[PDB]
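Take a look at the letters that make up each chain.
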Amino acid sequence: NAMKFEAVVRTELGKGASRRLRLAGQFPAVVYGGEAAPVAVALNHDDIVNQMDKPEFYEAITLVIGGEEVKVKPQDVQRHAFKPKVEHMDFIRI
Amino acid sequence: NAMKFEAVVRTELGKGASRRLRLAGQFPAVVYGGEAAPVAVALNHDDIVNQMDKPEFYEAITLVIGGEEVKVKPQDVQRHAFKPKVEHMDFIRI
Amino acid sequence: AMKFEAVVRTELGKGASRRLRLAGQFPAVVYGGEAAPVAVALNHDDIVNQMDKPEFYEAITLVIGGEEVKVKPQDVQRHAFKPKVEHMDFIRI
Amino acid sequence: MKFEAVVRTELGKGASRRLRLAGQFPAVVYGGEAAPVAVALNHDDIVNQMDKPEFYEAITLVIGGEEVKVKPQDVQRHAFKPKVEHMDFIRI
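These protein sequence lines are chains B, A, C and D, in that order.
Here the first sequence stands for residues -1 to 92, numbered as in the deposited numbering.
Here the second sequence stands for residues -1 to 92, numbered as in the deposited numbering.
Here the third sequence stands for residues 0 to 92, numbered as in the deposited numbering.
Here the fourth sequence stands for residues 1 to 92, numbered as in the deposited numbering.
Just so you know, these hints were derived from the structure itself, not from any lab.
A portion of the hints provided could be inaccurate.
Said to hold, decoys possible - Each computed BS3-like pair below joins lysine-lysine, with the alpha-carbon atoms no more than 25 Å apart:
(1) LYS81/A x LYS83/D
(2) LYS71/C x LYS83/D
(3) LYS69/B x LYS2/B
(4) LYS52/D x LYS83/A
(5) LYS83/B x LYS71/C
(6) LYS52/D x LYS69/D
(7) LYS69/A x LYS52/A
(8) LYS52/B x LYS81/A
(9) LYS13/B x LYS13/C
Start from the sequences and build out the full structure, keeping to the hints where you can.
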């Protein structure tokens, strides 16, 4: 049950909602497929990321959405799942 | 040579300008210090990252700003722990 | 100005993508928000002619399925031997 | 939302203790075309607004009489205490 992650249904989706999650150690995600409508969730960033080097992570994981367990599979959609290391840097003259 | 990086002087600030650099494999930077005016520059992301493992990088590197070589020193780069980052994922129900 | 008409792609094969690029098009994908990912096709020259304006990287509108979807350019894939945009990612805002 | 930012004139242990005494925490403002500046912000004033999405959209730091539009870039909370140790703000 190590591949079992708690998912929180997102309330805010406007400006700064994603940045808010990041500073709270989270990141936004979308759960879809089937007859049920898509559900926007928030997952623990470092907890999810630490499993993304395991082959079975891309096979099947479990998201606990509001108590109910939901089996999902990550989709290869975005070109680069991992984002740039450096966003800004300061340099001092020596 | 290895610690020699091309620095393009930024002319466009404001909203969207930083994302534009990111989509071109670059990131915004500021060169300050001494008793001269600060200058906004753009650097190649991977070129810098591929040198951030070497101790010399944190001692002294050279930035080519407008054709002239400027000896600078990176500031507070090691402040935050560096980890793989994700800002979005897609999951399908199985 | 920053509003572009998008065509939903139903054929997602490698062949279909090249057939787009062969006629002023290029494949793109839209994801994020509270909706499932959507594969679309955009007019090449129309998009490219606006990628010099910094507000293109601020916020643009894609008309998908008769609906206006506010997105940001998330990724840009360019040709190795040509000045053509091969593929793009757009994230919803 | 506007927050009062005081440009720090002293650094170190004693300087930090005086900030923790005035109900303030150390913060850094960088980005744009200006040098990074170390500032001091009211702890409770900032923390009580970090539950609003507007705080992460755009806030204004009043630095030296100048209104500086910024975004909260990074945050450091205590190891087990419900308070903020340090924050980073990027200029927008």
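Here is what the structure says about each hint:
no., hint, verdict
1, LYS81/A x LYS83/D, "holds (23 Å)"
2, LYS71/C x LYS83/D, "violated (34 Å)"
3, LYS69/B x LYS2/B, "holds (9 Å)"
4, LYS52/D x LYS83/A, "holds (23 Å)"
5, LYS83/B x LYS71/C, "holds (20 Å)"
6, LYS52/D x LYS69/D, "holds (17 Å)"
7, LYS69/A x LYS52/A, "holds (17 Å)"
8, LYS52/B x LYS81/A, "holds (16 Å)"
9, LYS13/B x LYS13/C, "violated (35 Å)"
Consistency note: the structure conflicts with the earlier hints numbered 2, 9.
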